[PDB]
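The form deposited without the named molecule is given below as one chain in structure tokens.
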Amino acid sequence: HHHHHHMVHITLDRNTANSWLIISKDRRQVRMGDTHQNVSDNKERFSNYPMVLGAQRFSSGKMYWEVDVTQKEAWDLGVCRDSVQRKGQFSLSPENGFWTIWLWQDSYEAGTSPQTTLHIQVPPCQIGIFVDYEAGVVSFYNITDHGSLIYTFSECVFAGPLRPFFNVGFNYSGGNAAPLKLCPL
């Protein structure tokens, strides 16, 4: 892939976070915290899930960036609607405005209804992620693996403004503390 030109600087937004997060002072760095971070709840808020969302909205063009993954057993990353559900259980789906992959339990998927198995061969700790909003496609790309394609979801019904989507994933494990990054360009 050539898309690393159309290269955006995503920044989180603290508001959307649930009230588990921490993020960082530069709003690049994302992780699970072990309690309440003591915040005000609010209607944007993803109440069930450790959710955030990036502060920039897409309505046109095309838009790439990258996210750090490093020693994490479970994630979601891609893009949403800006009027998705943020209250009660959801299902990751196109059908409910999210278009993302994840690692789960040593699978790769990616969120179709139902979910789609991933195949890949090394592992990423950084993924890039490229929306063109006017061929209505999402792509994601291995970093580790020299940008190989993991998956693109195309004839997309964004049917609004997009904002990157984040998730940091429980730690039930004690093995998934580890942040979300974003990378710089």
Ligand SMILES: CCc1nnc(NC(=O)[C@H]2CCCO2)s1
Contents of the next structure:
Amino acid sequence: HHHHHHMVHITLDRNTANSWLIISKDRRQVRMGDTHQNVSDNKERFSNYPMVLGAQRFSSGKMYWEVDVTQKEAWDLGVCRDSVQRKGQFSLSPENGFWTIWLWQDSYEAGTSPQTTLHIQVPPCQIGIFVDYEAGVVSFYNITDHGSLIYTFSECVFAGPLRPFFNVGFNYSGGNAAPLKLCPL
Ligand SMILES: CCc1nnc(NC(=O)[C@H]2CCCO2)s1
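Complement to the form deposited without the named molecule: the form solved in complex with the named molecule:
Zooming out: every chain and molecule, the one shown earlier first.
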């Protein structure tokens, strides 16, 4: 792909984080803690899952960023509406305001309803995410495999400002402690 020149500097929004997440000082890395991280509750925090939003809001234009997923067993990545549900149980779908892919149990899937199987021969260590607001497109790229396409959501109905979306996943297995990291431009 040739989307690199739309690169944006994403930072994580602490206030949106599930209370178990640990965000680095530079707001560019996040991981699952082994306990509640001693923050107050608020209406923005994702309560049921290890999720956090980027601080940036997008309502026009083309945007690109990269995320490091090295040695994780489970994660979700993409974008979502600013007004997605924060509390209780919900599925990641465009109907609920999410445009995401994930790794789960050694398979990759796109968060359509129902979910779509992805075909990845080279397990990615870094994922590229491209958003074209005007066109209604969200695309995912395998940076480990020379930028190969993973998935395109087209005919997207954003219906609001978008925010970068992250889920570090649970660590029930003891094999999923590694962080998500925003990669430098
Ligand atoms: C999302 C809030 C919670 N997350 N933390 C909780 N429990 C856990 O995840 C424990 C058991 C597996 C590893 O740590 S409740």
